[PDB]
Amino acid sequence: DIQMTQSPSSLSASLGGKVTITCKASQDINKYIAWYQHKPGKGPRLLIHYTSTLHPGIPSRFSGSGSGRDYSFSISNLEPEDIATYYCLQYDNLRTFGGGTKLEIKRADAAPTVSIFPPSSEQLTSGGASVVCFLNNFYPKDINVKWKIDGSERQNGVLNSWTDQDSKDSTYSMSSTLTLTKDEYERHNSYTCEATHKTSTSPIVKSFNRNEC
Amino acid sequence: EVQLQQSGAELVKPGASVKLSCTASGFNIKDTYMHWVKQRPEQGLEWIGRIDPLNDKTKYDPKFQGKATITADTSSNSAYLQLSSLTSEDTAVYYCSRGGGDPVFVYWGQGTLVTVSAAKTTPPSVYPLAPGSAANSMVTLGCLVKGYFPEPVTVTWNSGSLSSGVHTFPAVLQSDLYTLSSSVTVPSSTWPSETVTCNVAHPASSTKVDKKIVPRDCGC
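Protein chains in written order, with the entry's author numbering: chain L, 1 to 213; chain H, 1 to 135, 138 to 222.
Treat the hints as calculated values from the structure; they're not laboratory data.
There's no promise every hint is true.
Unchecked claim - Chain H regions said to be covered by chain L (calculated; three or more residues, Cβ under 8 Å):
| hint | segment |
| --- | --- |
| 1 | 99 to 112 |
| 2 | 161 to 172 |
| 3 | 177 to 190 |
| 4 | 212 to 222 |
Ideal placement from N, C-alpha and C gives every residue a C-beta, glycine not left out.
Full structure from sequences and hints, please.
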């Protein structure tokens with residue numbers, strides 16, 4: 001039945017700025033459209049119903065407009081806690097959600113704080129060896145991590161994971177984990193993780209030496 | 001105020017069925033309709049269907065015809081979603097929400113996670129991440147939480163009293179087991195002089211383990 005074409009699928013805007021999301025319905029939905037904010041860890045929150053009606057308690061910098069098949073939703077005076085995914089919803093005939101729009105706040109670029117950790121003595125008893133590198137509080141999200149063993153680049157056994165954007169300082173963090181067997185780990189002595197980010201042409205390098213302790 | 005209380009997380013075998021519940025207070029479900037919505041982990045919101053508890057009439061999105069059966073108990077003020085023949089495509093958070101058009105979906109249950117997997121429930125190994133002897139004003143420590151199933155785990159530091167300096171990373175799944183890591187940053191003057199402990203709770207296994215971060219041995 002009724003399809004809801006929500007665009008763009010992602011948005012990036014600066015503090016104090018304004019964004020607009022478009023929703024296009026496949027048929028006339030007679031102004032029965034609603035808009036929701038969804039943060040990871042919470043249930044959806046109603047912002048606007050019947051095209052433009054602000055739900056009491058929602059800041060008036062949230063707004064909606066449109067009629068027929070064409071609708072829009074806007075947020076002005078953007079704040080860091082506006083980071084979320086937003087959805088339109090038609091309720092003219094049963095219910096259909098749009099595909100969602102993920103909103104990023106654009107802060108000043110920031111370089112990562114980088115930390116490297118050897119495998120724990122506890123883990124080594126299992127026969128496995130995870131080397132962990134944290135790259136914390138950077139912006140933008142795009143970043144490159146390079147592992148070196150004895151100064152030679154290593155590409156297998158690496159697993160990376162990014163946090164969501166932080167609702168308060170608008171930064172990202174990421175972890176990179178290199179997992180080896182204990183025997184391979186103990187065949188080499190130098191372990192390095194190198195972070196390359198647009199904030200500098202120079203990588204940020206953190207290393208340790210594996211010795212007998 | 002209105003309150004919607006959903007049943008707890010479910011770990012379900014592929015091919016099996018499961019029944020979720022949603023109990024209302026502050027209104028009678030007789031007076032309205034009750035709806036269910038799906039959210040696959042990193043995807044969108046999908047309407048499943050609704051019931052009119054007064055006459056038990058139901059409507060479903062064609063996508064969920066057969067898959068989903070919605071029911072309600074008037075004198076229990078509850079609504080239910082039964083899901084049949086489960087696949088990994090059915091792994092998702094499921095929400096109950098109150099019907100009516102004015103306003104629309106204002107009240108939501110807290111969501112119920114359904115994980116569809118043949119994998120065995122396994123508590124995590126928890127490993128401390130203490131720095132090598134190279135490590138200004140702050141120091142970063144961490145915790146590696148390895149080899150558990152299913153999601154989620156909750157990782158905290160000093161039972162939450164270290165909150166501001168904490169990053170906990172999304173888990174990665176490999177060979178039927180999850181691994182994640184968590185970092186915490188504290189003033190260097192406070193560790194190791196004061197205790198820093200990562201706490202790892204795994205609801206599915208009813209386990210809660212603490213691991214103290216002890217400085218590395220090396221300098222004796």
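How the hints compare with the structure:
Under the rule that three or more residues need a Cβ within less than 8 Å of chain L, the assignment of the segment 99 to 112 of chain H holds, with 10 such residues. Look at the segment 161 to 172 of chain H against chain L: 4 of its residues bring a Cβ nearer than 8 Å to a Cβ of that chain, three or more, so the hint holds. With 5 residues carrying a beta carbon less than 8 Å from a beta carbon of chain L, the segment 177 to 190 of chain H meets the three-residue requirement, and the given coverage holds. Look at the segment 212 to 222 of chain H against chain L: 3 of its residues bring a Cβ nearer than 8 Å to a Cβ of that chain, three or more, so the hint holds.
Of the numbered hints given earlier, the model fails none.
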